[PDB]
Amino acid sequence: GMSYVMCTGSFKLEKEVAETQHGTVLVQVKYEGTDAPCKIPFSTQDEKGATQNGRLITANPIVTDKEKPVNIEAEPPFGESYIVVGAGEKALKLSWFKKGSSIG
């Protein structure tokens, strides 16, 4: 076990966001900062911004080597959201829309 900072640099989207069979998205990011190894900040934010719910499925997303892209799986909220990877301005913000509602 070890003690890491939250990544402070920029993330780029490495390829198109993919959508799984079960209401989640697969996002592959490339880190451009200089503090690896580091923990990837992750939040979901509002169609106007705000602190909207949602779920990070990936256990503990980490940049181990900045040259290696990282896969992250997330469950966005229903309706319009941003899936945000990184901290601050220059956070990677991914627009998303999820139709419907929970079943059952």
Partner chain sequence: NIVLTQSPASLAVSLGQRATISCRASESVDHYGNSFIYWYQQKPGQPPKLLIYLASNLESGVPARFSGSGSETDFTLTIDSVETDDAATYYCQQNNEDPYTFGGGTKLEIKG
Second form
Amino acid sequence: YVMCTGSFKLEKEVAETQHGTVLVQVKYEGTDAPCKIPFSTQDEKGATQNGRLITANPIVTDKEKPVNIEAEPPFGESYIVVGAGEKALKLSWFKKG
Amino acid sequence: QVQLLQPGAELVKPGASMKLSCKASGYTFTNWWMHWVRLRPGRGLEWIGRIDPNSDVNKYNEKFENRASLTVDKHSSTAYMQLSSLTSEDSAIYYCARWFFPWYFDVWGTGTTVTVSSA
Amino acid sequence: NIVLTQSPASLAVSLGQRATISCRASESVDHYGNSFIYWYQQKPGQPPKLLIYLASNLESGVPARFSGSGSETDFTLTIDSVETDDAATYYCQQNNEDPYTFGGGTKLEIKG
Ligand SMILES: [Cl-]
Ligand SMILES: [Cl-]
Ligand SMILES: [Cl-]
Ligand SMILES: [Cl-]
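How about the form solved in complex with its partner chain, since we already have the form solved without its partner chain?
Next comes the full complex, this chain leading.
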């Protein structure tokens, strides 16, 4: 699929799982579904900062259905970025360890 | 329609300093990061740094860090890039570019052809 | 720094024929399953213009003849049928890690 162009709304509070990963549930507000969800993490200065996706491939099947995303964020302070463009969801996260 | 306007040319002496302007229009200036990139003849494109005009957070290419300064003026929606201790190696076309977060550069400035010469 | 090497330095393609430009990275530009790499087009007297993002996605307004592919360290830009206005220099760029780096540029000419 092509990358989603639309906006995302956070559906639930971001949650830490038992094993140092985060569960992010988002709701899509676009017209181009199905599409792949832009998902990344940055540091404070906007630098791309490494990690891995537990969720296979984040895809919006139905814009009325929220999508779950499990990820292993970098350690310490980062920003989880869902979507792209001016309306990109930018969420602060701290991972202890 | 988005426009990033820069002066067409600057002529500065070696060792001097320069301050380049980027005047944004057509959008909410503080909603997008601004990057700076230069093009040298036969040497390609080089990334200088980025700044968030909203919060003044920034990051430099280490090659330019001791030598460069990124600033904005929210009031006039203008971003500035200052580079000092200029040599002939800094003669280039300097572009400011808007960040399509967190990926590519969607809008490029008009560009400022900078010549570093004793004349 | 991630080094991006483009090939060839320049090339000429007969009008209507296929063109291919490659970009090779000194290490991975993948971030959460996406390639943080971009292709820009620049013509003389003009600032660059984005064509392809995340290796394979077409920017709106860009003709369908443009396509890109690859992952990790090997990427290609393809124009399956060149036209006159496709003559330009093409640059790949990564932002998978600071500082952002650009490829050396590939200059495409058109015959006919
Ligand atoms: Cl101000
Ligand atoms: Cl054009
Ligand atoms: Cl130019
Ligand atoms: Cl066309």
